[PDB]
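Okay, here we've got a single chain as structure tokens, the form deposited in one PDB entry, with questions on binding and movement later.
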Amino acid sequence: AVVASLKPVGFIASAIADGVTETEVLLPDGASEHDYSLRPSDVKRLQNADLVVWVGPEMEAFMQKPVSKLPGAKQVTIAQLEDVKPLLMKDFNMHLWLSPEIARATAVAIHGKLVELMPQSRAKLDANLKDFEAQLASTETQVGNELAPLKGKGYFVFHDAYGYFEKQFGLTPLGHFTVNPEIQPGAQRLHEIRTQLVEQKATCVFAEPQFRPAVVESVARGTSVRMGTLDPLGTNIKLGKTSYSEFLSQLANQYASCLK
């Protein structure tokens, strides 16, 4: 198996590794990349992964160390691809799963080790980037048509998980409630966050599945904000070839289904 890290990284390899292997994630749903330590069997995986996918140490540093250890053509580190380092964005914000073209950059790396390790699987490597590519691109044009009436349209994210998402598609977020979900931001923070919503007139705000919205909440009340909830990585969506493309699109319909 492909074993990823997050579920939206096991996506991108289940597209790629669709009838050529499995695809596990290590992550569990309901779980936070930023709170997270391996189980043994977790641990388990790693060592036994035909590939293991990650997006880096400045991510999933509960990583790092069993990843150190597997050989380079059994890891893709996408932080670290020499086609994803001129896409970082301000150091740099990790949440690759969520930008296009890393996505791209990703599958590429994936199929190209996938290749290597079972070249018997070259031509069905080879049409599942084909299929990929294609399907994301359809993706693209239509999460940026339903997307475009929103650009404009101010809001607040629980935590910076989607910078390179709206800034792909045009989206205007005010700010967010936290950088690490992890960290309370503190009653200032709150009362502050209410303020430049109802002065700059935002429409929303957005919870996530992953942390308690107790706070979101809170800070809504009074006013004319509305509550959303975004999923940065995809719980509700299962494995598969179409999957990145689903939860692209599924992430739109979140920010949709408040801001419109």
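Rigid core here is just the name for the largest C-alpha set that superposes within 1.5 Å across the two forms. Positions refer to the first chain, counted from 1. What changes on going to the form deposited in another entry:
The residue that stands out in 172, 188, 145, 138 is 188, the single one whose Cα moves by 2 angstroms or more between the two forms on a rigid core fit.
When the rigid core is held fixed, the Cα atom of residue 228 travels less than 2 angstroms between the two forms.
The two forms, fitted on the rigid core, differ between the two forms by less than 2 Å at the CA of residue 203.
The Cα shift for residue 214 between the two forms, taken after rigid core superposition, is 2 angstroms or larger.
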Given for the second form:
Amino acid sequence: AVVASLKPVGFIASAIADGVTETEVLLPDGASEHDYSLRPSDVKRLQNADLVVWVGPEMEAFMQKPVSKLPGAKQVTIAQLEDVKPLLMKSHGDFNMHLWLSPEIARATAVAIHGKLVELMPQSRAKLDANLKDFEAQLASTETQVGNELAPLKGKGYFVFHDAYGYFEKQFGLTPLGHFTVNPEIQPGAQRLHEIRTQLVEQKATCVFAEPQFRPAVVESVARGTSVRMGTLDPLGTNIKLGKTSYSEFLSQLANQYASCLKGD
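The form deposited in another entry, contrasted with the form deposited in one PDB entry above:
A single chain, with no partners or molecules, comes next.
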């Protein structure tokens, strides 16, 4: 099996290992990449895997140790890929590491995954070559449809609770006003809520986007009295099932959630 750290990384692997082998994920749906911790059973899935794929230390800190013990042939660290390095975006930690939101980086990742697997399974060279060409052409169109859907949305100001979308937004021309650091289970106190509210108004935002782990109480609260719509983004694709075209669908979903709140002047 190919073992991915996060679900949308699994989406990339899933497209390359389609037919050929299984794909597993370690971050379960509902958890955030910056607070998880490896179960003993998680560590066992790693050691016994054909290929491990993660973003790197600066992101899934919770995988440094067990990965550090695997030989190079068994591991793709996305942030360290030759072709990824020049695509890293700034904004201690200074490069943005939410990399599965960059088609370009997804493309390098599939190539690297294709490289490792084909070295191991050379009989399956044919299913894999086909898999790679399938992903590339599927991603290209998706990129095309998603550009079309989002371009009429340039200049529609939004805020997000979690500033994780930079790669996607730079790629598709979308324009984030900023971000607020909120719970997602405990409504903020009056000082903080007023500062957030003041900015939604001062800057006349159209939307404010939450994540699915956000309690609707917290979100509803922030938009109450304003004229701002409430949206939900799913950057970890918890709504999406692993499979050949999971990645295409992931980006599609994500653009609809943007569109659905942002559309409407």
